[PDB]
Structures are given as C-alpha cells and as structure tokens.
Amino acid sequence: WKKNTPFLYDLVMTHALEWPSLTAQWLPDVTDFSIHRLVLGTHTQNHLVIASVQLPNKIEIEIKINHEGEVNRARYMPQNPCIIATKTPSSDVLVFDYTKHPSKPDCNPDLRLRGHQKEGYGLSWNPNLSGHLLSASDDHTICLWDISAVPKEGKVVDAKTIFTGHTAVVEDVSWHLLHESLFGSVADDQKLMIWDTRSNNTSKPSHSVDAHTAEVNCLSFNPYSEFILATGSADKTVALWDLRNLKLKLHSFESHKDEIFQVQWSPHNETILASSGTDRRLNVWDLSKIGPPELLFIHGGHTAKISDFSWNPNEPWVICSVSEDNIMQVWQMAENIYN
C-alpha cells in the first residue's frame, strides 16, 4: 500500500502519536502553507490534546490538558470552539475551555456533567441552540444539558432531560443540522430513533425504525439536505434514510468486511459520505453513482482498527483518521479520482 500512494493520493501524511487517540475532529479555524488544528485525546496520565497541522494551499502538539481516564470522544462547541466536551470511561461527561488551562499540564474540568450511570461515546452539540449537548451511554439513556443556562461559577450540571426510549446500549447521538428540536440516536436494540425535544414524553421518540440486523453504531445527518441521514452498523452496512419516509431504507452500502463504527458526510459535497471501523478500512461513498459503483475510494493506510475520523472543513477531500496502534493519518485521495 505505501508503495502505491502516489497513484491514489494527492496527500498522505502519517504520524505515530505517543498514545492512541480514540477521537479526532478538525477545529474550524485555519491560519505557502496554512495551519489547521485537530482535537485529539489519549488512551492509557491522559490528556485532552490540541494539535497543529501544516497543509498546502509538520504536526505539533499545542495544548495538553489533564483528563481523567482516556478520552472516549471530544467535540468542540460550534458557537465557541474553545469549548470541548469529552466522554470519560466513567459516567461523567466533562467540559473544557482550553484557554482557561495551562500551556503544558500539571484534572480540573470547567464543568462536570451529571446524569449518566455508565460510560459511552456518542456526543453532539446543538449547532442551533448554544450549549445544548447530547450524550449517549451504555446505560441505555441519552442525556441533554444546556450549559448556557449554567451560572458563571457553576462547575456541576445536572441533565436537563434524559431520553429513555432505547432498550439497550446507546451507541451514538446526533443533532439535526437545521431543526433545533430534532435529533437522532442509534443503539444496540437495532433502532434509529428520531427525537423531538419539544415533546414532554421523554420515553417515546418522534419516529422509530428498525434500522439494521445488529447493533447500530453511528449516525450522521446530511449537511445539505434536511431529510437525509445515514447509519452504520455491526451489520457491516451503511444504510441511507429519508426523514419523509423513515420506514423504508433508501439504500444500503455494501460493504466493509467488518463492524462499522463511524460514518460522516462530507462538509463540501452532498452526495459524499465516508465510513470506517474494525476492518481497518475507511471507505468513501458516492450516492450519485448508485445504478459497487457507489464505492468511490478505499483508504488502506491503517494497520489497526480505525477509531474515529474527521473531514477537514476548510480543505475539500482532506480527512484525518486515527487508529488503535497510535497512527494518525492526514490524507487526500487523488483529484483524478473524484473529478
């Protein structure tokens, strides 16, 4: 694979980190080259990490913040990207404003968020209501907090609402991109559930489909279409969904030869979606080419399970993917391949 790269990439960078990261997300600020930044974590003292990346038109660690337990997931708040929520290996979800913490570390989170009885990974900030955070847990619950309602000197926040519709481990949660009340969740009970926070019944979802034939592990809403979202599963399938007819699956993307953990739409291209998991492959899909023609690219760079990945928001087709052997890769498939 390493020998074949000039054929398949316009860019590939490999970085062995000192510790594995379970988490990867590009921050939205970019400053011959340009400087981009990634939110990462450690697994096995733990830190919340901000790294720098030079990209054309080196990777340095900029910020390490003491974290209790590994960082299961870390997500920046869209309305103030200095704010980062993290999932811990305990019931706690933590919140850090990276500017209120030392350059190098000495765990003293800015907020500790209560309401779960077990650890999880799923985590999602509302991009339409500032400080509304959702978290999914192995306890079968989804918790909601409004951190914007928390007093200046408040360090502890109880869950505003707990959603209980699921009957198994809740794997992932994600807000809708346009509708401030609407989010989706996926769980081990094989369901996708669409929830409406304006509803008083926190035990029953607005809609509910039996999405998959095994555990549903991830979901992602389309940033270009109000109606479209995708799920990924222990099914080894990515399923496609329309909010106007949830009961029938629009499509199935086959396939990974193993369990799917992440699915994310492109921020630049409405027909483009990527997925990954335990087969150590990150696949890029093209809706438009359905009628496997919809498989546009297989990224074979990783030699361990891929933990998370993120589409760079400033630089089309750039992806950061991180694996369980400590490897972070920043890569862009060849222009020849998408156009």
Contents of the next structure:
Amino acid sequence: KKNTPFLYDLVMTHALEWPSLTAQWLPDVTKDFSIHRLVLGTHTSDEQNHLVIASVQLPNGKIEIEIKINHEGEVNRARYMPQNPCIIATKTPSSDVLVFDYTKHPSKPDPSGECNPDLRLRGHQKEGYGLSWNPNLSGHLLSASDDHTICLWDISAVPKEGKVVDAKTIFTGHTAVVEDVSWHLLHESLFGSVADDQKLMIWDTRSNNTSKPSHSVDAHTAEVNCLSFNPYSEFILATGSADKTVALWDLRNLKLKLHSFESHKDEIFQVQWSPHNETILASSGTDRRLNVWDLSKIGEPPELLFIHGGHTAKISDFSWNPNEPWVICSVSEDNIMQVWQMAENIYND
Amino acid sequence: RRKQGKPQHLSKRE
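In place of the form deposited without its partner chain, the structure of the form solved in complex with its partner chain is requested.
What follows is the entire complex, opening with the chain shown before.
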C-alpha cells in the first residue's frame, strides 16, 4: 500500500458482495476516461448466484455492476465467444455447461432466482473449470471436467429454438480430472488439455480417434491446472502446476521442456500470456501472488519482471485488459477485485 | 478441491 504510488501507474480495489471465481475483460471499450467491462461471477454459501457484468472507468475510478443474471450454483468459469461477445459460456458446480446471451436477459434479475440459460450443454458427469471457444470456428466450445473427459459442442448447429445441446464429441485420453482446455489461436483443429494425471495433451479434431491425442507429454511432477498458447508465437505455450512451476513448451518438440519458471511458493491455478507483448506471461495461485514474467530476460530470477502483492487471499482468476496495455484485473477468495497496471518504468527497463 | 467451502458475504448490494 505504502509503495503503491511507485509500483503502479494504476491500482483500483473493489470488494464484491460475494467472491468471484472468474474474471475476463469483454473486448469492447466506449471525457478523460473510457468504459471497459468485465465478466465476473458469484460464489455464495447456499444463496442465489449470479453471472455478472461490471463496468470500469479507466483513464485515456468507478466500478459498477451493470448486469446480474440468475445462475444455478457458483460460476466456476465464464468466457465470452470471440465472434459474438454477447454470448457467454459458464461452468456450474453440477455437470451442465450453460450459455447466456446477456442481451436477452434483464439487467436486474428476478428475485425468484429462476436460472433460464439460453442453452444447457449436456455431456459431462461432474463440474469442471476449463472452458474455451474456438476463435476460428464460430460456436465451437470445449469444456474440461472433474469426470476425466473433455466435451465439445457446436453452438452454431443447435436448432434456433433448441434449449438443450448434447456433446458433439467427448475426448477420453486423460485418466484423471481434466483441469483446463484451450484452442490454438491459428490452427482451427488443434487444442491442448491438462490434467491431474500430470500430462499435457495436444488434440487434432480431424482425427477419428477421440480416445488418443496427437501428443501426450509428462509435463509436471504434480497436477497441471492451466495452459495458455502464446498469441504471437504459434508453436509456444505454457502450463502451470501444483509443482509451483510454470513450464514453457514448443509444439515442434514437446518431449523437452524449454524452461521452468520458479518463484511461486504454492500451487499455480492460472497462467496467461500478455495480449500485447510476445515475451510477457503472468501466473497466479494459492500463494496470493500474481507473478509477471519476461522470457527475454532468461539467463541474464532475472525473468521475474514483477510480483503483484495486492492480494491477501488466494487468487482465483485474472485477465489482461485487451485494449489497455499492462492493465490486469485479478480476483481473490476474500471478495477483492483489483484493477491494476505496474509502473511504466518497470517494463520500460 | 479447487474452491473454498465457506465463501464470505460482504455487507453490500450492487
């Protein structure tokens, strides 16, 4: 707090009524400020949960809840569809995966608490976290579950008046809880998955065999909780683990870890590349820290650019602002949401 | 396993 004026160009703190397990900036941006929006959720103790859209004023600081949609159970994860960001998929504490078009719901929820999702996606037997929309195939959604499977739905092929969709494909390569799943940015047929079986799997949707991946690799010495593909370097990705490390990978040679990022004091739950800078990656978890890494400083640890110490509880999720370089939203288990940007002098050196 | 059992309620309604 004392050093915040020197460590940050922006630090905004907000206490939500209930904690959010998820955070994702919507891509739209609309005075000496602009309005940005976040997809958030609730995590309650036996009370009505909501899918939430919040607004944030950012300089060219007020945070307000714009929309609350009745949701059945806590929102494990919520992700918007790139081709139509009004469409949001959510992971529930039951098996169903839900889809909402927030323009077709009131801004104020009915106190009856009726969850009326636009689609209920069936296929899983248990809850999960991993959720990914295909940026090259509109409406193709991947989901990871504690039932050890990956489901795929094609939302573009659902009947217009249909409210329930069965999984198009179920991928059964893992032998334990599948923690995360992500499509490649460029190859419409490629996606990666990570699981408690300590493996990273690379899948080709053009393959006739849904029980065997294109590549299976022993990624970590503990559960693998997250993955992220580099949006500038098509062959590169990162994984985060209960190992307390982030691993760096090349799709052309997955049997050899390129690098291991070490600083976290506990389990890592989220890893995300910067949307603006190819060598920048961030990671978060149970140690209540969000680390920012710079690949270009490897060997000069030297690759640790910044440690965000604003949270005093486990970090559940974070999201890089797609419109404002170096702005991050991070959320923790103690109801705190932070919107922050490290000092320009830190990344300009 | 990934989430707390007793999420706390803060005294606000937004």
